[PDB]
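Take the given structure of chain A and dock chains B, C, D, E, F and G to it, following the hints.
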Amino acid sequence: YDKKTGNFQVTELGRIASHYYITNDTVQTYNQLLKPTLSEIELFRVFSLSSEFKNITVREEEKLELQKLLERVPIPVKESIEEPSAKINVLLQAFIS
Amino acid sequence: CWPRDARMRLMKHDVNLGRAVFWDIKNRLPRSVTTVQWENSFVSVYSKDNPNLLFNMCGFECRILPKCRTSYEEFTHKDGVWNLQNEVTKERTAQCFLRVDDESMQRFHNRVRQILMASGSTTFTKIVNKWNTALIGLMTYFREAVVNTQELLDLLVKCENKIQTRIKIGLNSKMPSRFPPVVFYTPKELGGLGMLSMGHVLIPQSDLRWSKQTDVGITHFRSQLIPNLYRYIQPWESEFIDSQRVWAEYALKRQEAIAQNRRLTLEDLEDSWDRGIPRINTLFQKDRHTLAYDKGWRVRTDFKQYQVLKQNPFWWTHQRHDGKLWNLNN
Amino acid sequence: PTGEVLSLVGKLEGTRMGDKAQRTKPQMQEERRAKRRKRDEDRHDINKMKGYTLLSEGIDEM
Amino acid sequence: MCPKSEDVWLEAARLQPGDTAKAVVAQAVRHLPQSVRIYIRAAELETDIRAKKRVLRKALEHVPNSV
Amino acid sequence: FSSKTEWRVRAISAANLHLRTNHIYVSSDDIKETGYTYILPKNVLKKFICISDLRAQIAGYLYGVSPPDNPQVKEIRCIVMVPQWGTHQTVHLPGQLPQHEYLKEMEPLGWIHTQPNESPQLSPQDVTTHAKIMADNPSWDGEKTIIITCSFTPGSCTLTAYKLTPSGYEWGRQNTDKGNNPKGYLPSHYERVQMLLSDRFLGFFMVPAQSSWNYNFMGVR
Amino acid sequence: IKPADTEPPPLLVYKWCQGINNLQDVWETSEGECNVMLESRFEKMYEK
Amino acid sequence: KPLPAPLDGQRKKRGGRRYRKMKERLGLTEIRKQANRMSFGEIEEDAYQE
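Protein chains in written order, with the UniProt record's numbering: chain A, 972 to 1068; chain B, 1133 to 1355, 1363 to 1469; chain C, 36 to 97; chain D, 338 to 404; chain E, 2067 to 2287; chain F, 940 to 987; chain G, 341 to 390.
These aren't lab readings, by the way, just hints derived from the structure by calculation. Hints are not guaranteed to be accurate.
As the list claims (entries may be wrong) - Listing some non-contacts, in silico: residues in chain B with all C-beta distances to chain C over 10 Å:
no., residue
1, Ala1152
2, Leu1248
3, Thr1346
4, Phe1353
5, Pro1366
6, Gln1373
7, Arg1393
8, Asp1426
Unchecked claim - Partner residues are not named here, just some residues of chain A that face chain B (Cβ under 8 Å, in silico):
no., residue
9, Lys1049
10, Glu1050
11, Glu1054
We put the beta carbon where it would ideally sit given N, CA and C, even for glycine.
Here chain A stands alone, though its shape is the one from the complex:
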């Protein structure tokens, strides 16, 4: 978007965010965070930093249960469990498992 003429040009991140409904902050997260060298460990982390889950907080009343997931999910989580991205990580892995 140039402020000179006001014209828009579509980026391929634009096409992907429009085609899959992910918010503009989520594609900025996936533009910053997606490297060619990402493992399966870091891929769940890049997923868990989506702005769709910006209101997901980890409450203490479930933290014990989250630990019982974090010792059983098969992809390791680099975060600590009281950070929300670890919660979204182990909830996706507890879904697939």
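Just chains B, C, D, E, F and G, lined up with the frame of chain A:
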């Protein structure tokens, strides 16, 4: 300082090329702005006739000899020799033979002469402290190049014996026979002078006996050569490969600790501790943020010689910014 | 056997230059670790409510 | 170091820039409800009538018997 | 092992093994100048460092040829990962050497393996492994087959290729002591050979067909 | 322009030797190639 | 002006009062412990830093 086959060989094309290169550089500078004089310069041509490329930079006297070009030889590890390998293919393509500049050995010799000449009315501890300071500055600046320079090792034991001889004639004007090294080399806490040694000092087995009496009686005991400083300073090639690989480890540890949102503690980076050319120590300083705004500090420490009359042996480094690049606790 | 410092020329053959160079450990690792641990359990109330502002949050009063 | 002290928390609201002073005041009202000086300081910090109305509504819900 | 969350922090650590692949060091000392030279291409070295573990040793059989009109240099053109499991000090490779029709055009140049940390000497387990592979497979010429060790130094990788001397093949063939210091093990059992890297050509990999290569978790299989 | 803050003068010497050594075919002299290392001092720099 | 003749002091034979201020100027109440000492056995610093 190099052997005749290791210097620049003065073939006519190479000598004409060196003088031509120098003349081309000299014309670019107007004689009123600055001059570049042939007599204080050195132009080494490496060609098909000269197999060695020579230069004195920063007090080091370097001679690069390619593997393709007058090696023909298996080499073991020699200390002052820098195995120069290619960055992309990791093949040893040349060896840089290091030495200490004759001006630098002369600066160390004149520094010991300044210690001895202004010794006079001072304490033996202060004379040996000035010897230790000059010796640490020389030995930690010139690390491998000292072990390669045999003239400097001869000069080092000559200056060490000169300092010890001034201590001995401060004790008694009659020069002794078989003076014990224990009074020089004992650390200052344990009473001695705390002299650092860069020379072969064999301690006799006579000098290691000690008695001890309790009520069962007198029990006699015994315990060797004195450690030299070069064994306790890491070579510069080792310092640079460990600095490269340790600041690489710091980069990966820092990005994984920014991933974990925390700070890099002392428990990670404890294996990297006395390591790195900026030391990893320097990450854990209080003043470190302030030292992120101290730019040009190395040129400043070089130009301190025109402001401070005290000669700095660590003109090249600072304890604050580079860390302590040596460790003589062991 | 005099006490003269002899030259190392010819007496370096069994030794390397890094041979016996050692590195120190960080001074007071565990005291700073305990200080950081007490600080991170004392900062739990502040870092718990860091993004929570009295105006714009739903679980403030609860 | 001194929770349950209204004057330190008011000094903390007064010395910060206002947008982090809002979080300072939120810390203070977690530490000290029923505290009308922190709530009036919260009201003066926000620079819009809707947010001042919401903050003082929460204030009156906390301590309602303060003139 | 601890086997509950040791592999989790190890897995995380191994997720950053691509940072070791631009800081590669080659030990260019003690090289006898009269043997072969080995060009390991940087793409299979990068891939071999990434698929490894910082603690458990992986290993791949090297296969390669010599370039045209240079028989004194050996371009490694293939790393064959086989079903192995490895401790921190040895790799338990199977008895069967890699057989395939793509490795018939190439000759076996030995094996590469990762080390957890840099040792200045070849492991005694490595010279016993190399000499047992040599004693059981006559296609392994002791002049041309090497052991590249990719030791995981801090933030980097140090590569050192070693060759077996005829003393070392005889000792490692007769050896049964699987410890870290067996009897009769001398540093004349190996000689460091020249090994160097390459952007100029690319190698490839051979994985097993039915299964995959890593049996460190499937250790009973 | 040296001394840089990030390298001591022996790291300057190491980086310079490795920078000489990593130039393209820098030790090849078959076609008549010749490296030339000049070192000089800019005589009377501060005075002039 | 010439050097004064190097006589010693008669001496300070009276004390306290002015004389404690006379030393509190320059020779005052120092540490008198662990600043004037070297601690025979131990090495407290790094070894040859001085």
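Hints, verified against the model:
No beta-carbon of chain C is positioned within 10 Å of the beta-carbon of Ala1152(B); the least distance is around 40 Å. Chain C leaves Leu1248(B) outside its interface by the beta-carbon criterion, the shortest separation being 15 Å against a cut-off of 10 Å. No beta-carbon of chain C comes within 10 Å of the beta-carbon of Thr1346(B); the shortest separation is about 32 Å. No Cβ of chain C comes within 10 Å of the Cβ of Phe1353(B); the nearest lies about 20 Å off, and the non-interface call holds.
At the 10 Å boundary, the C-beta of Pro1366(B) falls inside the reach of chain C, the nearest C-beta of that chain being 7 Å off. Distance check for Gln1373(B) against chain C: the nearest CB is about 5 Å away, which does not clear 10 Å, and the non-interface claim fails. Under the 10 Å C-beta cut-off, the non-interface status given to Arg1393(B) relative to chain C holds; the minimum distance is some 17 Å. Under the 10 Å C-beta cut-off, the non-interface status given to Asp1426(B) relative to chain C holds; the minimum distance is some 17 Å.
For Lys1049(A), the suggested interface contact is upheld, since its CB lies about 6 Å from the closest CB of chain B, less than 8 Å. At a threshold of 8 Å, the smallest CB-CB gap from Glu1050(A) to chain B is about 7 Å, leaving the interface hint in force. The closest approach between the C-beta of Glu1054(A) and any C-beta of chain B is roughly 7 Å, which is under the 8 Å cut-off, so the hint is satisfied.
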